[PDB]
Each structure stands twice: as C-alpha cells, then as structure tokens.
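J.: So the chains spell out like this:
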Amino acid sequence: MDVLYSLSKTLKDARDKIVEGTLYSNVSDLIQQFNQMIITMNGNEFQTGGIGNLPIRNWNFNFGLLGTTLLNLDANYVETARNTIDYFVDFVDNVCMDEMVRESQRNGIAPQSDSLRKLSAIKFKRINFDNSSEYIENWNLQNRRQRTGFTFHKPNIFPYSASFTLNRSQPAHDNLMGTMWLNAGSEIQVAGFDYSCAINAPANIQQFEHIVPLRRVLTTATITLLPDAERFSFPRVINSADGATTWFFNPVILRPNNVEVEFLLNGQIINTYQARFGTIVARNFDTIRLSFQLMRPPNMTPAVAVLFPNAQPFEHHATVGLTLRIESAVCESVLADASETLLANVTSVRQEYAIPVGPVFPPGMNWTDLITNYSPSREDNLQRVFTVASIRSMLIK
Amino acid sequence: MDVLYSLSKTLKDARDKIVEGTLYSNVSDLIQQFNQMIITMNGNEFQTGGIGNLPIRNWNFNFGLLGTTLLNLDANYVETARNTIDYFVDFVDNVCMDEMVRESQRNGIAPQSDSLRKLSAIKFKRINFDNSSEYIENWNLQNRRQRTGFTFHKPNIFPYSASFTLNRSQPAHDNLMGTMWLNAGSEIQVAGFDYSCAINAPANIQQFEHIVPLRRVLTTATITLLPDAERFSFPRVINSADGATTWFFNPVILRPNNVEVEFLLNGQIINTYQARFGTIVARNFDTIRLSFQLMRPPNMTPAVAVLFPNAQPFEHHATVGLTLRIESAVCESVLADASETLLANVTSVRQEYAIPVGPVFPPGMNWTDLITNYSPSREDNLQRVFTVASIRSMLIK
Amino acid sequence: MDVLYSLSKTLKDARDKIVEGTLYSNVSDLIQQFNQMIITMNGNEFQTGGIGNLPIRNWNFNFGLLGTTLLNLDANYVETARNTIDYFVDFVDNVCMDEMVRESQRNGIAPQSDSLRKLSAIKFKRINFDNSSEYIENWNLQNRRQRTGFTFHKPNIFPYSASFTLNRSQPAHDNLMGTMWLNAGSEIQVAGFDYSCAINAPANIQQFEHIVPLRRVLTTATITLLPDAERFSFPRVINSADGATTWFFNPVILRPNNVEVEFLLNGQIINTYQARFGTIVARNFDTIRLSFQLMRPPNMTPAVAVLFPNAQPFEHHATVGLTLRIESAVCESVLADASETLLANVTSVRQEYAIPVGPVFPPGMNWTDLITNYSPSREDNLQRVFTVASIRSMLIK
Amino acid sequence: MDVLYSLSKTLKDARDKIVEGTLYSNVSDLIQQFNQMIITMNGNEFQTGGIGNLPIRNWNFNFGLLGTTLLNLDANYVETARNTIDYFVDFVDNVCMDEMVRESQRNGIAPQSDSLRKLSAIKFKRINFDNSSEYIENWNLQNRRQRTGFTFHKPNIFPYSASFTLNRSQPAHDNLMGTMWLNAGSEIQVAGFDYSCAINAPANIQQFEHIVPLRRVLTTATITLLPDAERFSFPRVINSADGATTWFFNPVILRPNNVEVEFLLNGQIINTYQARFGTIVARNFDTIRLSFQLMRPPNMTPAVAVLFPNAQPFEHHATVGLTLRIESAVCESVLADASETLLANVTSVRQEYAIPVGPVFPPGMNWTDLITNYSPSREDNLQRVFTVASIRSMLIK
Amino acid sequence: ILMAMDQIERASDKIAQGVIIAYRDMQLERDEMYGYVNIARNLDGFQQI
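Heads up: the sequence lines are chains f, d, e, k and q, in that order.
Residue 5 in the entry's author numbering sits at position 5 of the first sequence, and the numbers go up by one each step.
Residue 347 in the entry's author numbering sits at position 347 of the second sequence, and the numbers go up by one each step.
Residue 43 in the entry's author numbering sits at position 43 of the third sequence, and the numbers go up by one each step.
Residue 119 in the entry's author numbering sits at position 119 of the fourth sequence, and the numbers go up by one each step.
Residue 722 in the entry's author numbering sits at position 38 of the fifth sequence, and the numbers go up by one each step.
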C-alpha cells in the first residue's frame, strides 16, 4: 500500500526540487532514490482498467539512468527529468483512479486492484521512501493496532433527521406541548414549545429532554453554545405526524433557564455543564443529552398580559431553543470533513465513470445514509478509499 | 518570482535550524547553499521605493562567508548568521512590499518592480532551493502552460448582489408573487413568495426558478443544502425600484416539495439532484440553477383554515426557503477565502503606505467591485500579488 | 523547552522515515541524531508526575545505539528502533502531561515541572535538531523580543455577553427605544430598536451608537459585513433589568441607512467604510465602533401605515440589524482559535487528573472568564501551555 | 514564436533567391542557414492537427545537405533545393493552420498547439535567423516590455452604434431638439437637429455636444474634418427611443458656427482646433468631444421667411452636421484595418475547418462584438493570431 | 567526457581560470580548505576578454 504513497512523494519532490541552478549537494539522496526506483521498476508489464466505463490501459517501463556528475543542474538534465516525470505522473494517476473505485465486502484493508496487488510483493518493497502526510501515517499506525487519531474541522458527524415529537396533543392540533429539533451537519438545534406556558403542569416549570446519539467516538471536541434557536422561531405550517393534517405555528422566543448539557461515554456521566453559554470544552463523549427548563415569569407588564392568557384560546406559545455546534473535533475513525476535499474527491471519481455498485457502498456515496447504518467493513473500505484519494491529491490537482 | 521564493525558503531555514548545540553534519547542505547564495548576491546594487509613499532605500551587498570548519556550532556562529539574516530578510520584505504596490494592465505574469526585474536574469538563477510551497508550485505550473489547482475552505466566489424580482405586481402592493434572494459570501439564500398560496395558479401549484451564474470554474465541491432559509423568515419592509413605493412582506414558511437543483457548465447538464438534502457534491459545474414547487396543503385544520382565506383580503403571505453553502471546493484560479490571510495582507500593505489607486485594481481593494467585473488579466495580476504575499507570509509571523 | 520539541520532531521523523526498503543515505542525518540522543540521554534518571491523579512514574534510559546496512534495512533493525521509539514516546507523553498541570503567578516563561528544568540544563543542549513548526518559532522569536504572531481562522476572542441598552424608558414598558446587541464567539450582532418609528425624533431619523472593546490588537483582519440581523428578528419576551417583570418585543426589519463601520487605534481614526458590505479588510485595530440610522420611510402604503401611526399605541415595532463576523486574523498574543485542537487538549489534560482551580486559570478552564481578565502574566502562561500542548499533540494522534 | 518567423523568412529567401544561373556570392549566408537548419532538424518527429477537421499529420525531417561548390548554380541544384523547399513549406503551412485554431482564456501570448510548444525547446534555438516584419519585431520588443508601435491605413476602431438621443421630447413627436450620430468604422458623422429653429432658446443659439470614447489610445493621428454630414440630411422615418411608433425627420443643412474639436487624454485638453476644417493632427488622444452651435439666421429672404413660422406648427426642421474621418493611425495595441488582411486569413482558416467556438472569441471572429468589450486577454490572443497570420502570409500567397 | 569537462578542468591544482581586476577595495573569501583565499566564484559584472 505504502508504495503508491512513496511514488507520489518522490514524484512531487522531483517536480518541486529538480530545477536548474540548484546545488547538487541538496537533492543527492532524492536523485539516488529516483534512480534506484527506476532500476527496480524496469521490465514489468502492468494492466490497468477493465471495470465499467474506465478505459483499459497498458504500461511498460524501460528507461536508462539519469546523470549524477554535474554540479549545477542545467537545461538537459531537467528536461530529461521532466520527460520521465510526466510518464510517471500519468502512471500514478491512472493506477490510483483504477484502484480507487473498486470495492469489496471482504478484507477491505487489503489491496483490491491488479496494480496494487502486483506492486506490494517482496521485490517492489525497496522503493518505500517516507510517510510524511497524516492519513498515510494513520494508516500505518492502525495497521499494527496503535491508537488512531484524526483532526477534523466542523465535520459532518451527526446525520440528517428532521423529526419532532409532541407530549400533549389535540385531535384538531390547537393546544400542543412538544419538542422539535433539526439535526444536520455538525449542528444541533433542539427547541421546546408549550402552548399553555405550564399553567397545568406543576411548579410552573416545564421540562424538555432530548438525546442525540453519535455514530462513532469523538475526543477533544470544542462546542459553542448559543442559547437561542436560530430556526424554530419563525411562523410555520408543518405537517403532522399522521400525514393527514397540517397545523399552524406562531412561536415567541423566551430565554431558557437552568440549562443542563451533559456528555456521556459508555452510558455514564463524564462531563456536566450548567448555565454556561458561549464556549465549552469536552474531552471524550458518545451521546449528548440536553435538559433545559421553561418557567412562566411571575410578574408581567401591560404588553405581556395579551401574550399568555390563562383562558381557553391560544395563538402565541412560549418557545425556547439551544444551539449546539462543534467547531473542531478529533476522532478515531474516518468521517467526511469540512476543511478538506476527501468525500468530494471520491464522489467525483466514482460518478465520472459510473461504476456499478453492489451491497458495499451506499448509492452515490450518500453521506447521510452512510452515517445512518455504519458497519465496520464500510468503515475500512471508506478509510482505504480516503487514503487513496489523499495520495491522489498529492500529484494531480 | 521563483528565485524570490527560493531565497525566502533558504532564509527561513537559516533563521530556524541554526541553533546552538546541533551537529554540523545536519546543516552541511544548508550551510553550503547559504554560502552559495551569499556569493551570488554579493557585489550587486539594488534600489527600492519611489512611487506613492514607500520610503526609498538603497542596499549594497558586501558580506563575508560563514565558516565550514566547526565540529559543533557555537554562539558567535549564530550571532554572525543572524547578523546576515536580518539584512537579507529586510531586503526580502522590502522587495515584496515594493512589488505589491505596482501593477500592469497587460502582461501581469512578468516582474514589475526593479528588484524582480533584475532577479529575472539568468545570472541569479543559481539559487533554486525548492518549490515545496503550494502557491509557488502553482506559479511554476502556470509558467509552463499546464493545469493548476487550489484547495479552499468556504471560498467567497459568489458576487455580492441584493435584489428581488416580482412575477405578479400591483401598484398598491397587496397581491404579489415573486422570488427573493441574497447571494452573499459563500452562502445562497433563495426564497419564492406568493400572496395567494396558489389559489388561482393552475393545478394549485406554483413553479419557481432561480439562476445565479459564476465567473470561474469551480471543481470538486462539497455543498450543504438545507431548507427553510433563515434571513427571509421574519417580517420585512422593503423599498422598490420605483423610488417612491414601499411594501410589506409577512412570511409564513410552508414546506418545500420536489426540490430540484441543477449544476450546469457551459450550458450543459453535469450534475442533477432531486428530493435530496443534507450534504451533496458535484464534480464540475459553472452555474447553479434551482427549481422548487410551492404547494398548497389540500387538508387543513381550523388554525390553518384561518391562515389562508379564499378571498383577496390576505392576512399572512406564504413562502419557502432554501440555503446553499459551499463548505469545501477546488478551483483553478486564485480566490480570496475565509481561511487565509493573503488578500487581507495585500490590502493592509496597500493602505499602510497609502498608495494612490491604480488603473486596474478598483479603489480600496473592494472585493465585490473586483468580482463583479472579473477579467483574466485581473486574475493574473491577482495571482502574482497573492504569490508574493504568500512569500511575505513566510518571514513575518 | 526546546529539548521536548526536539524529541517530538525526531521521534516523528524516526517513526515515519525508517521503513523497510529505503536507501541508507535517506536516514544518515536521522541515524546520527538518534545516536547522539541515545548517548546524551542514557544514565540521567528522570521522574514524572507527583501531583494529582497522574501516576508517579520513573524513567532510566537503557538503550544501545542503532546499526546500519549499506544496501537496505532489515526488519529486525526496524523493530529494535521501534521499541526505543515506544519508550521515548511514552516518556515524552508523560513529561508533557506533567508540564501541562503546573502554573503560578510568577514569571511563566521559565519552566515549572522539575523534569523540564532538569532537561533544560547545558548538559543536554546538544540534542536540538530543528525549529520548523509554528509555535516553536513563535516561542523562539518571543525569547529575543521580536515581532510575534499566530495564524487564526474564525478566532474565538470576543467574550460571551448578552446585554442591552436603553435611551428612553417607561415604567409601563410600552415606549422603549434603544440598542440591543449580542457579541458571542466571533460573531457580532447589533440591533437598534425603536417603538415610536422616529415620529417624535428630529429629522425623522433615530441614531444608534454601539461600541465594543478588544483586549489584544489584531492585524490584517478580514471581516464580512451583512446589513441585516438574521438572529434578532423574532418575537420575544425579554426580562427587564428589574429582575421580576418582563416586557414584550416584536421586530420588523427595514434596510439599514447610513451604515458606518469604524476601526480605531487608541482613539485614533484608522479605517472608515461607508455603505459597503461584504468581505472588507482592516489594516490594524483594537476597538470596534458601529453607527447607523433608522429612517422612517418617506412613503407609507396601507400595509405600512397600519403599523406606524401618529398615535401612541404600538404593537409592530421597528428595528434594523447589523451583522459582523471575523473570518481570519493574525494577533500578536496567542488566542484560543477554532482551527486547532489545542484548547481541547489542554482542558482534557487539566480535567483528567482532577486538578482544582489554580491561582491563575478560572475553574473548569472556562474561556470567557479568562479572556475577560487578560493579563500579560496570564498571556505568558497561556503561551507556554499552548506550546506544550502543541508539542504533545505530535506523538499521540 | 520567433523560430517560426525565422523558418518563414529562410524558406521565402530560399524559394525566391535560388534561381538557376545565379552566382554563389549572393547565396552564401542562405546556403549556410539551409545547411544548419537541415543538420539541426533531422531525426525529430512532429505531430499536428487532430482537432476539428485537421487530420493527424506526421512529419519526418530527413534531407541531405547542400554542396558548397558549383560557384554557378545549375538546374539540378535548383530542383534538389526545390523538393526540400516544398516539404518545408507544407510543414510550415500545416503547423501554422493548426496553431491558428486554438485559444485559451489565460496566457494567450504563449503557444497552445503541441507543435509550437515543442519548437520552443532549447536545442532548436540554433535557427533564429532574423526579424524584419512589423509583427515579429513588435513581438520580440514586447518580450522585453518596451514601447510598442504599429502603422495602420484607415483602421476600424469605432464600434458600431446607430444610437440617437433627444434632449427635449414629447409623446406627440412633433417638437424635438437633439442630436443624431453614426459610429461606423473610421467615419464619425454627428448631426444636431432642432424643430423650433431656436426661436424659443435664449440668444438664438442651440448648444450641441457629443462624446465618443475610444477603447484604446492612439498616437500621431491625422484627422480629416468636414463641416457637412451626408447621412442625416434626407427625410427619414425613425423608431422612437423606447419604441412605440415612428416619427418623421425633415432636415435642412445650415453652416456650423464656432466648431470646436478637442482631443482629450484622461481629462486633459491636449489639442484644440477652433473654426478650422481640412486636416488636423492629434499627437496623443483617447477621447473625442465635438461642440457646434445651431444659429438662427438673423436676416431672411422671402423663401426662408416662409420656411420657419414663428408658431409651434413646423413643416421643416433645422439640422447641422459634422464629418470626422481617421486617415492614418498609430496604436500601442494590435487592431484590424482596411489595408492589411491578417484578420481575413484568420477567419478564412476558421471557417475552412469550422473549429468550435471558444468562450474567448465571439462566433465568426466578428469585429464589432469583439470590440464591444476589448479585454487584455482577447488583445493578447489577437496579437498572437495576427503575428502567426503575418508569418503565414510570407509563404502561401 | 565533454559534459563533465569543466569539473575535471577546474578541480586541477596547477592552473587557474583567469584573473579579475577591479581597482576597488574588495574583501576576500573564507574557505575550509585554503583559509583566507582570494577567490571570485563568478565573473558577472565585468568585460570578458
């Protein structure tokens, strides 16, 4: 596996370091590596492609050694270097593209294409150069069972599910008490609404609870807590649960009090934060359980007596909301991020040729459905594809 | 240009790795390259400043050579190295600040200040340390008529425009049906509004369309799509183009059905998505076209039955909202983003010495005025100034 | 302090460079560096922990030197190196955790934990490989009192503050007029609300002025400007300053008029922008001033005249909103940023071993209180702990 | 680029200087050049075409030498030269035609076809014979960024615009006072008309002025100025401004009084001419402003006494005219003229092979649409294609 | 044998490659094989004869 990354690294270093005029005592080791790789890669035929619309390509390597006697690189040396580098770049690009799309439900941590299978034998092992990037070194560390790490920025970890539940309802949908929440991307906005402002509930305090189970394990995540829902405050016409009727919504926002946010790991309390909005920090968690309160104000002004009448009619309802966002996180598995272009890369390469798909990857790499059901084989295949994409991004932009 | 980057990288290496106690064998290549650079740059005169309010300065390069004998480096070695380094880095920074403050309407790929003009000679092409930096690599690729690329986090590429267009209008402004949108930053909010909820439109369904083109070619873009846009979900009082008319807009967000997005390029269909949300992606697109239907619910409750009367007197208008945010994307031209400090540094340097407005760049480096009339020559000049700014960013941290 | 970073860098290089197949000349400098490190570190015993729940462990380096091979390595040499690498990474992690949890009011530039002080002697200065990272460069440059800074993307600098101001007030609370703002995280939202629609003010225009200070100056900052308030536009029941009675809020958003954004330095005008919105650039500032006017529309259609009469009672109040968001900036002093997991690592190490609130940091590592009471001693301590965390975040992903 | 012109010039001299019977003394340098060219070009391989309707042509350079004897040339030598001359002519023509039909958005100066890019290598520099044509000299001087210059015989710089304006108007279209003008090629024919015969206007003088901005700056312009316009001097039926009906126009020519022609540059009145006709010279100009006055005849004869009644009913109108024609021009940028035919050849090959339309050139290589928005990128493309066309015209008449 | 002619010719310790005269006060170079030696690495900025 690492041989392809080594090829990418040596090609990039040769392309950005073999420039006429440089001192020869600066790229001696790189030139030695290049020459040894050329010696080791001569005389072997390779067949690439043959699945879907991806064209079938053939590759033959037969080249002489470079020069090692000059002390100042000139036009001829760089010209020959670029001439062979273009061919090597084409080889790397096509091999990566051919090996990328292929998938399997068995041993998704092993080479999948003919090129990688032939290039991971004993003889071709003398070309490994270094592991300087992050994804490849994570691959190496996970290969021999070491702790895994990954740095993401606002990653799409929570799935997309716009569902709501009601605690007290009516057959005509005029007096309601329930919760709404939009969970998408890395944003969690849960809102609780009470039509009656807790005039029938004890102690005038109504409690809304919600649980959001993450599909994997995170670590060292920063959370910004804005104590006002940005969404569940505009007038709405929302379809009901049974799908036969739709009801009206005219919310009015009241600030929440006694806000409790908790982060639990393995079904146990780890971190507790109370009534602290702004920036909060957690070390390791798997399930986010939020519990907040809505309290009817004791005394009111002439502008408030028309808001919450104790009488039968109800048109404006007390509503609260909490905004939970992750600005950075570190995980042990691989997930699509927002700072790089891994998922975009794999989706583009897969859709360019339209490889037929089986029960291995979700249709069209739909990220939401992928996060929905997460089997370890899918995780391993996704990790391998992302690593191959990272190798690809080193050479061809 | 590339010579300047080589000098910058060598200067950074000398500033950093030359510390007391390290083995001399670890910087033998570095010390040889530094000595070669000193030899090449010695015995020449360079001038800077003269236009605007940049202080004119004169540099003469008479310097010694660092020894290549000590087994372990010592303090006086470091002090002499830093004595040379301070002058070299001052010269580099002044050259960059002089290059940033001059532009040419034609042939922007070529040097403009006297320093870079002198450095274009073949004699100074003896210092080509490396080209590891991504921007310098892109410059080299552009210098040989070959494909380039960039990676950005949330790049502001959409033009700044705030306007609304009506399909049905009346002078009294009490029965309207049109589209309202705001293309700001990297986020798109499009909302189509109707005052009758399709009581007279055919089949009780109203069709809405919206087109926003682009001036460059985005590629491999991760796009987040969410419904019920934010900004257009509260009452507004907005003036019109008549210059004497003001109308009121009372929104009630219905539910959007049959959301149709169309990523077009050169007047052709490349990516099409239907009835999908969350996080999506397109391979290569040039313009964004959105289509959606405003549907009147055939089944209602009394709380809704009062919301939508069957007569002209209207108490609440209806609309739907859609948000489109570009998280990550890959472009082929230099673009100002929210995750870098290049354009900001260029503008800061421009305003620090108060250079008068040039013939090409709009006054004050106003980004919107630059993007509304984007031209390839302006693109090339922007690439040059961004590369030199990135070279500057390697010195002063 | 430099020795720990040297250890981290060399451990990463040794782990990610010594793989089977590479040529001998590719690891010559690294092999000699490891040899020197083993020579210097053997014999000198060290002790870690001693405070809190962190176990008190012992270390006595008893490792021999490494071998070599002319053609290519063998896996036995690889594992012999790997065992020593494991011991060293364990030692580095333990000493970093020990260094993380000590702080005092006295000068924090000097090391605190005994292990680092014993390491920082002249006797172990030969093992100093390079300083190529960002935080280490900042530390070294701040040691010699030069220009220093850090790269920030979406800087979490402004403290959590949710307060409002009044210009005219009544005990009945039905004729309010003033400014309400919420500066949370990197986002500034200022809304000026009026109930009288400026029918009594001179020139029918109401002026709102808002000012927010900044503890540490910023350089080459980029700020996007949006002439709206996508958050303070909902019906609200806001508690008054009395603490027992609440008043009613009902906003309608008009387009702001004469938006003036100001950037000042110690009460000196620096940057001014009139009627411009979008990604703008400010050279340097340390305080933010906003001034805008709410103008009663010259012409009122019935949908407008229904809400803003010459009469006293109001139910649909008017408000104009402004949005301020900082994307990226470079600050002289270290600030808790969102693009890196430094704060999360610091708080995780602080909270794992149950270390109570010290004499400097607020309890629970809450950022708002610490940034509200920023002091140079706290600045130095924060810089030290951030650098230690950055060193630690290189070995245990 | 220059190598192509060298090939063209050498081939032309070879075909038009080597005629049977000529002395050796007039062909020595040409013989040496031919021998050098064949001894350098032999053994290579070239590919061209393959885009649109040009099949992939493969060329092999393998020819003998030319003897340095036979002081007087015989016919056998003539035919031996002629064979290679024919082959080189065919190769040059096909390469030029392949190059002529490829365009790029950026870096238009550099070649695009693979043939010229290969020819821009290092070893092929040995044939750079000379530079004598205008285009090659201007190109090679632009490569060093010196002052550019071209000579044109009656160029076509003014974009087509048959636009008219009305200072005073009414929906009756029987009382007008305005100006009409035509911008067709090198002819400017402005005219100012009145219906009131200036009886109402004070001092019986109706001021007329007109502004035409040139897209490029010209130098050493000889201008032929005539006081009579021969286009807006006949009865006409013209569509209205917005266009809802047709108004009538019955003109009578009157002598212009106080004719003022000014050539401006960036707001500076450089050259002036007052009450002068015939020919004028402008050293440097970019904008043209003309002013002339209609004067009511202070004295009248019976016929003109009945021509203009003192009341509103007007049977005849009054109009003055001017004529401006650019005789010769010198510009800093390439243009299309009425004497040279390079644009004609470019369009000829374009429509001969029907290459698809690129986004940088309007369809058909039309001149009006191209000059409507003259961009620097399109300017560079025009310069490159015109230089290549000039090279071609030296070989195939 | 021709591509590496210059390295073989210059590395000889019996002949030089020319003499530079400037009549201006110029400093000497410091090398780890000759100590303080008068050497001009390049010849740019003068007339070549």
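Where hints are given, some of them may not hold.
What the hints assert, rightly or not - Quick list of in silico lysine-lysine cross-link-like pairs, PhoX-like style, CA-CA up to 20 Å: (1) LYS397(d) - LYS17(f); (2) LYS17(d) - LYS397(e); (3) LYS125(e) - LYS12(f); (4) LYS17(e) - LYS12(d); (5) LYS17(e) - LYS125(f); (6) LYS17(d) - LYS118(e); (7) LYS12(d) - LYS9(e); (8) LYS17(f) - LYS118(d).
Unchecked claim - Listed below are several chain k residues computed to face chain d (Cβ distance under 10 Å; list not exhaustive): (9) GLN105; (10) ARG117; (11) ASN140; (12) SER333; (13) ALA336; (14) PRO359; (15) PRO363; (16) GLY364; (17) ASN366; (18) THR368; (19) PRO376; (20) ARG378.
None of these hints come from the bench; they were simulated from the model.
Beta carbons are placed, not taken as given, at the ideal position from N, Cα and C, and that holds for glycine.
J.: I'd like to know which numbered hints this structure contradicts. Please list them from smallest to largest.
T.: 1, 2, 3, 4, 6, 8, 11, 13, 15, 16, 17 and 18
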